[PDB]
Number of protein chains: 2
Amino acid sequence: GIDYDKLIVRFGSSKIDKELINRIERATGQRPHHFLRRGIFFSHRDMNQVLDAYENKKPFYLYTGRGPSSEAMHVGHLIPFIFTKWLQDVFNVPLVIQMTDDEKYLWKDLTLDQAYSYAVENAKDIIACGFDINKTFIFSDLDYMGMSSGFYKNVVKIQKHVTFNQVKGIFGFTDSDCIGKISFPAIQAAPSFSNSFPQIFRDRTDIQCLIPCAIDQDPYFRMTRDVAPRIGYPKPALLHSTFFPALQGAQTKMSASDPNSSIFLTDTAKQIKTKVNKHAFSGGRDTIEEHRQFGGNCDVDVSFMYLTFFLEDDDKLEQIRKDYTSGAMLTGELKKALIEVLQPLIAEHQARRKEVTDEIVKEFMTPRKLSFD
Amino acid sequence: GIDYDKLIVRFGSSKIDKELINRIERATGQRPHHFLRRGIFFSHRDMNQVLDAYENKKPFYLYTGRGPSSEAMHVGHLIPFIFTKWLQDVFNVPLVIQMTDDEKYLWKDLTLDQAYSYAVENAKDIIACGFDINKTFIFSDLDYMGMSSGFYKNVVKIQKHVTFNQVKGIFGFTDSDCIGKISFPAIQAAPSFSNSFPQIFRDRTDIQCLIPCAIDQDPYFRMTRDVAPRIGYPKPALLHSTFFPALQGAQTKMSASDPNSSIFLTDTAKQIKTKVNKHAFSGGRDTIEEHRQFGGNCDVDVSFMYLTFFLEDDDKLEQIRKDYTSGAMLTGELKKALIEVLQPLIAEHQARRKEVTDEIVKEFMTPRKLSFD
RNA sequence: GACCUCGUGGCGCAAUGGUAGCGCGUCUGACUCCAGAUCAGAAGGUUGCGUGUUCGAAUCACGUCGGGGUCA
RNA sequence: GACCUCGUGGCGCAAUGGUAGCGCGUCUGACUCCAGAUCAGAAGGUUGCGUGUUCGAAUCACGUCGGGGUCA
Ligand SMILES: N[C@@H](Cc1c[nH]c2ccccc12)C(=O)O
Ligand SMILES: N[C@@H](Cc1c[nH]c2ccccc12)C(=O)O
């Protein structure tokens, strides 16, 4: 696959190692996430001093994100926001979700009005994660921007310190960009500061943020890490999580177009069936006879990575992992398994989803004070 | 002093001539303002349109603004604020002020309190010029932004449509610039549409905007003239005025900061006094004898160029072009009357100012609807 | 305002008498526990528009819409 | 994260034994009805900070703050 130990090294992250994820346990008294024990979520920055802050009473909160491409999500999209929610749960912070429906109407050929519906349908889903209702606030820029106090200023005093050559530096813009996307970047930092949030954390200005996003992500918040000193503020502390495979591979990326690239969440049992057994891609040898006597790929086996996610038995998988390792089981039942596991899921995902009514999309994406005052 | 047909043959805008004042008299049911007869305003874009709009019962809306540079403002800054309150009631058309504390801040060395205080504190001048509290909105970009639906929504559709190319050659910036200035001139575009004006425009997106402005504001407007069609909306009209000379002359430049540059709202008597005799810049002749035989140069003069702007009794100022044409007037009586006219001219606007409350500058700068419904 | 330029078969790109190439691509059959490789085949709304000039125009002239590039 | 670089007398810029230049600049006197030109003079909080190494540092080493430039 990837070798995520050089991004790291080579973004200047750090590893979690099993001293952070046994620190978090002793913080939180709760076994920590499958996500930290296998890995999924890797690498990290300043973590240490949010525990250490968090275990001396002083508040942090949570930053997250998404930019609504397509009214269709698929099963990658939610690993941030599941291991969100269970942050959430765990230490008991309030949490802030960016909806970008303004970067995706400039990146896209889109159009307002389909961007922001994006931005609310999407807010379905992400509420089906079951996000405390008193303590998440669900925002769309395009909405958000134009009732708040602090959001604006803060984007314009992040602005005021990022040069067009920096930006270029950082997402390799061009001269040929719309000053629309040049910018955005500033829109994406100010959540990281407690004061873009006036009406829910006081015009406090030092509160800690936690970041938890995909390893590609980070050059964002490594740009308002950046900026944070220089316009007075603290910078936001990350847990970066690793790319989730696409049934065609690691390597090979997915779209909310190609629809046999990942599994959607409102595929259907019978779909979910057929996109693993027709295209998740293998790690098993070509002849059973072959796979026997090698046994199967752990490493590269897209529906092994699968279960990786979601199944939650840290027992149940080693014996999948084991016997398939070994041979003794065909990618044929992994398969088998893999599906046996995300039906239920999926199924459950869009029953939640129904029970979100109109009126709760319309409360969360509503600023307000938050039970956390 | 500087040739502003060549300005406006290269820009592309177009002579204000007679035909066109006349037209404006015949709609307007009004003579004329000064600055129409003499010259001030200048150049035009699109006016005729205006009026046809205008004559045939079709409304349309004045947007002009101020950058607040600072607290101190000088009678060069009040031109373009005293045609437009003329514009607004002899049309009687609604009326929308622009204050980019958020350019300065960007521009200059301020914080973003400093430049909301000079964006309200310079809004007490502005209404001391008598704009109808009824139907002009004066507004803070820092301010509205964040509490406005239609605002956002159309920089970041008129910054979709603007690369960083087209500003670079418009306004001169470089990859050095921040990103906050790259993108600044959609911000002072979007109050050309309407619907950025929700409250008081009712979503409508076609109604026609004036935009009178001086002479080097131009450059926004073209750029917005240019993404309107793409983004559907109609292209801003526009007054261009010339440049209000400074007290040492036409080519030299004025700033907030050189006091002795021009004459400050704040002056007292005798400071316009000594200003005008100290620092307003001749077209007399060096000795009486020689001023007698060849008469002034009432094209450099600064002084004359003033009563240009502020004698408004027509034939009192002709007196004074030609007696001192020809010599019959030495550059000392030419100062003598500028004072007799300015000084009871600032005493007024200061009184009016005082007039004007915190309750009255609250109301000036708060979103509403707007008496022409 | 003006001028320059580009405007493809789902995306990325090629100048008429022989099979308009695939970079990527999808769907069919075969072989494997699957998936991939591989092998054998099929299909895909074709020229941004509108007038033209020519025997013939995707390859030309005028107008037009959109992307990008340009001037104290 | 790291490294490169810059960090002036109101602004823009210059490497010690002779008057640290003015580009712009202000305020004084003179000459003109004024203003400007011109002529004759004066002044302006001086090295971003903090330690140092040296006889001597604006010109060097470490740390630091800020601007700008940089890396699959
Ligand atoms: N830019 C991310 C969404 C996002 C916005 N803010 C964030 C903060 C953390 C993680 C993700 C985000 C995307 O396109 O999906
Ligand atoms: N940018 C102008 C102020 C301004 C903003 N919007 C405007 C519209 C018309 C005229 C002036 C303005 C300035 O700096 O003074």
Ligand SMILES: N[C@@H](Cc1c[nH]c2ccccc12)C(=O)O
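Residue numbers count along the first chain shown, from 1. Here, rigid core means the biggest group of C-alpha atoms that superpose within 1.5 Å across both forms. Compared with the form deposited without the named molecule:
- Considering 121, 290, 226, 89, one residue stands apart with a C-alpha shift of at least 2 Å between the two forms following superposition on the core, and it is 290.
- Residue 216: CA moves 2 Å or more between the two forms after rigid-core fitting.
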Contents of the next structure:
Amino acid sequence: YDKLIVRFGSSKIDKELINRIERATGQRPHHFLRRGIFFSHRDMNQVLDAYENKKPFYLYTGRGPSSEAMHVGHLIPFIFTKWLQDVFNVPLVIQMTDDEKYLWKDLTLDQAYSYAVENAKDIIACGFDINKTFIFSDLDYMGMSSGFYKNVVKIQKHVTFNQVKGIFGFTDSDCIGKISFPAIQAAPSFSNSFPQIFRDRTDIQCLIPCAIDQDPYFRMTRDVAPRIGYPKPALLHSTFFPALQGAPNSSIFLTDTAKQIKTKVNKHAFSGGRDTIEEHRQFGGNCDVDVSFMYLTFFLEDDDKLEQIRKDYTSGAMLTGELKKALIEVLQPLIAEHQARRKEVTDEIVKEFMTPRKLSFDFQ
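Alright, leaving the form deposited with the named molecule bound aside, put up the form deposited without the named molecule.
Partners and other molecules have been left off, which leaves just the chain.
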């Protein structure tokens, strides 16, 4: 990961920049920062500069509404974005790319759109404030903005096929909606794409939380920005979420019960311990390629108890199955609590989050 930074030319967060946040925030850096889940960035300093100089900034993230079974991995950006929203108290804009799924998959426009509404339930279950978050459907919001399509057009002019052909790999057997889709993903990065929220303001920086594997796709947007008179969108990159069986039982869905969660991490997670304990008691603990532990890295909020689990699993004291039932006690209460929060999401709360509204934000 330290070599993917140099590869994409991004800036690495320290344990010193993390402090800069704490000074304006007034909290304790989220464990993603503390642990390095979210390690890289691009222009966080620029966003920070305006936060103290008493100027707003906003967040943006999206979601590809392809059915659901949003697994626990998919929670990583949202958990972090939610945090960002609360410590800075700024607006967030969440995009549901229904057109995209329609273009790429065997769905009807309605089918893609219903998935967008449903996924929006799961997202709201994460707890986003309703007074500073706007979840929008591409298909819906294009028809309801006096600023969105215009920005999409500006981008479409300043980007050629050859450009989108290298970055995304589009060939020419593809449909045109695809070739031009990258402009729809980019448009949300610029404030005046949301008139009911921001107005015709253009000086509001945009912070985009996402992976590190994504930087090459967001550079297109960052490169077009100067060219159209708009500031670049800042970035905060994260690491990947270990695929369960190894880096259908392949992932752990938020719709999974409690026993399924139990039987998955027990029968399908990956082990680093010599596990087939010839005599794992002073060996075993490979906390780099052991999924169960990697997960605790994301979901167990206590550093002290985590380090204890690492010293102990690596040393050989803690066997496998012991570490596993430790994770289960973190997931089961994470997932089940998610499902409950999502039960309380009425058809009217969804419609609200998805309605072009004025928001309550920190101009500061």
